[PDB]
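Visitor: Dock chains A' and A'' with the ligands against the given chain A, drawing on the hints supplied.
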Amino acid sequence: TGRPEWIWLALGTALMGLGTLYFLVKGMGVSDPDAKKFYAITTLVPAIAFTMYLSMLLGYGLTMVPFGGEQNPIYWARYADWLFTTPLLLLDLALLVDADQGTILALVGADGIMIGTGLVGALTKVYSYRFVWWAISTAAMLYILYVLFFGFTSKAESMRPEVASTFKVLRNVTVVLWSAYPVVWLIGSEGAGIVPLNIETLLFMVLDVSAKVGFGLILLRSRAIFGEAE
Amino acid sequence: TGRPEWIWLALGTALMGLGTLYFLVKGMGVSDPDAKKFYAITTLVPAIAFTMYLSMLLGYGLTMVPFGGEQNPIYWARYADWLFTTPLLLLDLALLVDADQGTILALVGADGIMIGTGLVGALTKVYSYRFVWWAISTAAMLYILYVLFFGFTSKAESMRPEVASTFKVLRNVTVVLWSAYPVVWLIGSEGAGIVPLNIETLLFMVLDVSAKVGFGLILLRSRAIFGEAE
Amino acid sequence: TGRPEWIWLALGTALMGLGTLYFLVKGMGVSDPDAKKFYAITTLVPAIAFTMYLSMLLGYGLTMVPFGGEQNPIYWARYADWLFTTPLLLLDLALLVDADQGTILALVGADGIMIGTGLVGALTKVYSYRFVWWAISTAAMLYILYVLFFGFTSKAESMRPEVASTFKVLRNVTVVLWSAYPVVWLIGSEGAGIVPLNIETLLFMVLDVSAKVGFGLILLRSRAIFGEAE
Ligand SMILES: CCCCCCCC/C=C/CCCCCCCC(=O)OC[C@H](O)CO
Ligand SMILES: CCCCCCCC/C=C/CCCCCCCC(=O)OC[C@H](O)CO
Ligand SMILES: CCCCCCCC/C=C/CCCCCCCC(=O)OC[C@H](O)CO
Ligand SMILES: CCCCCCCC/C=C\CCCCCCCC(=O)OC[C@H](O)CO
Ligand SMILES: CCCCCCCC/C=C\CCCCCCCC(=O)OC[C@H](O)CO
Ligand SMILES: CCCCCCCC/C=C\CCCCCCCC(=O)OC[C@H](O)CO
Ligand SMILES: CCCCCCCC/C=C\CCCCCCCC(=O)OC[C@H](O)CO
Ligand SMILES: CCCCCCCC/C=C\CCCCCCCC(=O)OC[C@H](O)CO
Ligand SMILES: CCCCCCCC/C=C\CCCCCCCC(=O)OC[C@H](O)CO
Ligand SMILES: CCCCCCCC/C=C\CCCCCCCC(=O)OC[C@H](O)CO
Ligand SMILES: CCCCCCCC/C=C\CCCCCCCC(=O)OC[C@H](O)CO
Ligand SMILES: CCCCCCCC/C=C\CCCCCCCC(=O)OC[C@H](O)CO
Ligand SMILES: *C/C=C(C)/C=C/C=C(C)/C=C/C1=C(C)CCCC1(C)C
Ligand SMILES: *C/C=C(C)/C=C/C=C(C)/C=C/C1=C(C)CCCC1(C)C
Ligand SMILES: *C/C=C(C)/C=C/C=C(C)/C=C/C1=C(C)CCCC1(C)C
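Those sequence lines, one after another, are chains A, A' and A''. A prime marks a further copy of an entry chain.
Letter by letter, the first sequence follows residues 5 to 234 in the entry's author numbering.
Letter by letter, the second sequence follows residues 5 to 234 in the entry's author numbering.
Letter by letter, the third sequence follows residues 5 to 234 in the entry's author numbering.
Same shape as in the complex, but just chain A:
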């Protein structure tokens, strides 16, 4: 296709589809009701991302937004994907540590604010205001990272050791990979425009696959997704 970033869109589509199929086959026959929840959540994540990468590849998930005196290609389908997948990923972590309901709602709600204000910033036509929305979205992300570190890490250690070990790995993966997102947005085509769109698409593709399929490979091999039973 005529968009140089097409190659990373095609690769992302393929890797999300492959991950979906792997998790779907691996989940076959699992009967433990706890493991069933984790397989359900964790297979839905790359299946959603598959459909939204495909929409970017085929050009449906792309729009033009006028700012800085130019017509800037903005892939809006990223936010339609992240609105559903990022809370599912926090639900995997919260169910692992058996978080209380109030904390789960705070996490999902702040996550909604993070994605929603990112979309508004991506579509805003006054250049300087784009970064106002970026800051509010980044502040919601910091709230989430704080809860994951100074709320979840304390319940985990009071839990099954294999639960504590798998949570600490997935938490560390989550904090590292999620913190890169606001940086890429800020220096790429949605923000300051220093990194061109084709490289930004590569970077997001590496992050998206790692945070969904990589995350899922660590979780679904773990013993912590099963009840303790004889």
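Just so you know, these hints were derived from the structure itself, not from any lab.
Hints may contain errors.
Given that identical chains are not distinguished, each listed pair holds provided it fits within a single copy or across any two copies.
[As the list claims (entries may be wrong)] Only pairs whose alpha carbons sit at most 25 Å apart, straight line, appear in this in silico DSS-like list of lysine-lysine: (1) 172 <-> 40; (2) 159 <-> 172; (3) 129 <-> 40; (4) 30 <-> 159; (5) 30 <-> 40; (6) 40 <-> 159; (7) 172 <-> 30; (8) 172 <-> 129; (9) 129 <-> 159; (10) 129 <-> 30.
Guide: Chains A' and A'' with the ligands only, in chain A's frame:
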């Protein structure tokens, strides 16, 4: 009005409103907390559909999509309706058989993918890609039908006989009526264009009323929506 | 800015942000899992409203709708806010009285219909049909007010006295403040156009702050959000 399909839009509006009012009156005074859930879910279904049929009748729920070198009328409000009503209908069936939480999330999530990719296909301006989205949506539907047949039918029979009997009827109604949807889309105005819009609207109106009000009449007369009590 | 209503948008933004920060600090260290739910729900409400007032202030949340032969400024972001905040506020009340699940779903679903049909009415280009949607939305509101009065008031009194006392106050605040919304819409710029936009914005700002921050100040000072414990 000047659209020949208006007559089926008006009839669908009337029948969804009548069904809503019937279920609402029938549910009055019910105090069993289990029956309350089923009345809540099952009355909300035609009330949503009422509002979205009304929006198609009045022309709000209609847009023009250019493909095949023509401006094609696409009723987008069908997908805004189905996004909310189809998971509610699966929730009626899953609560009947007391499905586990993981399975419920898999069903609702695949249902979301089915409707979401149907909307993308309905709005896509490259003709051949419309059928790519149709295929992905149909594959999510098959996943749902498989779960309903080779997961739910096995828990039901281990349940109350009246639960097993009412589930098997509603399952059979669900599988038959839901399988017709991808066929109508494919041969009507969203797809190959063999059946004209006014007949497609009739067919959908027959399906929508049967799958919501007919489904609801069978369920809410049943004894399975009540706890077993003296 | 050049819109005379800007001053009430700026004041609303400031008061929602201040309320969010107050509730967030006040909630720090709370460990009771019940109180955690109420703090979670009640802090998310003004945080959402903050982001949507900011979008109206900066002009993102505004669109032009042609009706009555004019281009009418319609702030659509009000409905994106209310779609999420109004069910959260009903969830605060329902958890207080420990409502059954069926009733909670009926409330949230009717609330969804109320906001959804209000948005359709706000965006409808045939003037007389705007009031059809207003009537359907008002009928869903009456259903909600009826449940709050002839379902919730009866469970409350069978509960902890401090639960019964705090619910009755918050119910009365809710019924009074929520009933004003359909009146303002009808006589302001979305409806008959008797009250100009800058005054309508003031009225909504007074209502929104009272129904969210005022509501939240009454609830989160109360003893009813905590479990009874020694
Ligand atoms: C897991 C095993 C695989 C590991 C792989 C990890 C890759 C992740 C990072 C990629 C950034 C690549 C950056 C490529 C930059 C090229 C941009 C370019 O062409 O810059 C010149 C410009 O045209 C004028 O200055
Ligand atoms: C419950 C009791 C009621 C039962 C009712 C069940 C009806 C369901 C099916 C309807 C399809 C009707 C198809 C009508 C086809 C007419 C199309 C037509 O005019 O075709 C000629 C065309 O103009 C040139 O070939
Ligand atoms: C909590 C302590 C503070 C209490 C505060 C409560 C205020 C709520 C009501 C405000 C309505 C104000 C209405 C202002 C009307 C002025 C409109 C105007 O200018 O009308 C003349 C017009 O130009 C030609 O007739
Ligand atoms: C000027 C001030 C502007 C306003 C600030 C920016 C608003 C958006 C940013 C972050 C969301 C903050 C988190 C919202 C959710 C709070 C959750 C909560 O309070 O949870 C308590 C519970 O006890 C825990 O387990
Ligand atoms: C427990 C549930 C908690 C739920 C928490 C959710 C938080 C979402 C809050 C704010 C973002 C709203 C973003 C809305 C952006 C809409 C953009 C859009 O549709 O734009 C259309 C068009 O391009 C221009 O009019
Ligand atoms: C825990 C994770 C926290 C995540 C949040 C971290 C945000 C701040 C980081 C970097 C901003 C660096 C400055 C970027 C702005 C550069 C502006 C500019 O014009 O730069 C010129 C350019 O370098 C040549 O042309
Ligand atoms: C090329 C490959 C493309 C990718 C395939 C097409 C994607 C969309 C289609 C179907 C959704 C499939 C179902 C998604 C949800 C899976 C649920 C699950 O795994 O549930 C396990 C649980 O144990 C059960 O009770
Ligand atoms: C447990 C929760 C699970 C939730 C599972 C949800 C699955 C949805 C996934 C993909 C479809 C996304 C479809 C998005 C289509 C948007 C179309 C649109 O708004 O188009 C606007 C405009 O016409 C053009 O830019
Ligand atoms: C369990 C339910 C499964 C649901 C999924 C079943 C999908 C396949 C079924 C029918 C496709 C039949 C072929 C349709 C394509 C016809 C193309 C065409 O141009 O036909 C010419 C026309 O007949 C004259 O002009
Ligand atoms: C012409 C007739 C048109 C149709 C009427 C207007 C439709 C929209 C208005 C109101 C929603 C009504 C409430 C919908 C939800 C009903 C909930 C229910 O039935 O709940 C039973 C449960 O037992 C309780 O706890
Ligand atoms: C338990 C869950 C229950 C959930 C209950 C939800 C009830 C919502 C029902 C109907 C309103 C639908 C309103 C849809 C309005 C869309 C307006 C829009 O997006 O318009 C785009 C554009 O301006 C023009 O095409
Ligand atoms: C419990 C809460 C219930 C909430 C629902 C209550 C709705 C009815 C109330 C008021 C309508 C009054 C009539 C408004 C219509 C006036 C039309 C008009 O043109 O008025 C001329 C104007 O007064 C000079 O120019
Ligand atoms: C599957 C992909 C994942 C894990 C998505 C993560 C997304 C974020 C952490 C995005 C955050 C953003 C900000 C904090 C600033 C504004 C732009 C966003 C939405 C990219
Ligand atoms: C109330 C109406 C009901 C039960 C709606 C059912 C809808 C479907 C089963 C739709 C499925 C579709 C496909 C599987 C292919 C693409 C087009 C759709 C969305 C009609
Ligand atoms: C935070 C703000 C609150 C509590 C919002 C309340 C909103 C309503 C009660 C709105 C109801 C409406 C109608 C009943 C008629 C049509 C217009 C609406 C949506 C304003």
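Visitor: Out of the numbered hints, which ones does the structure contradict?
Guide: The structure breaks hints 3, 8, 9, 10; every other hint is satisfied.
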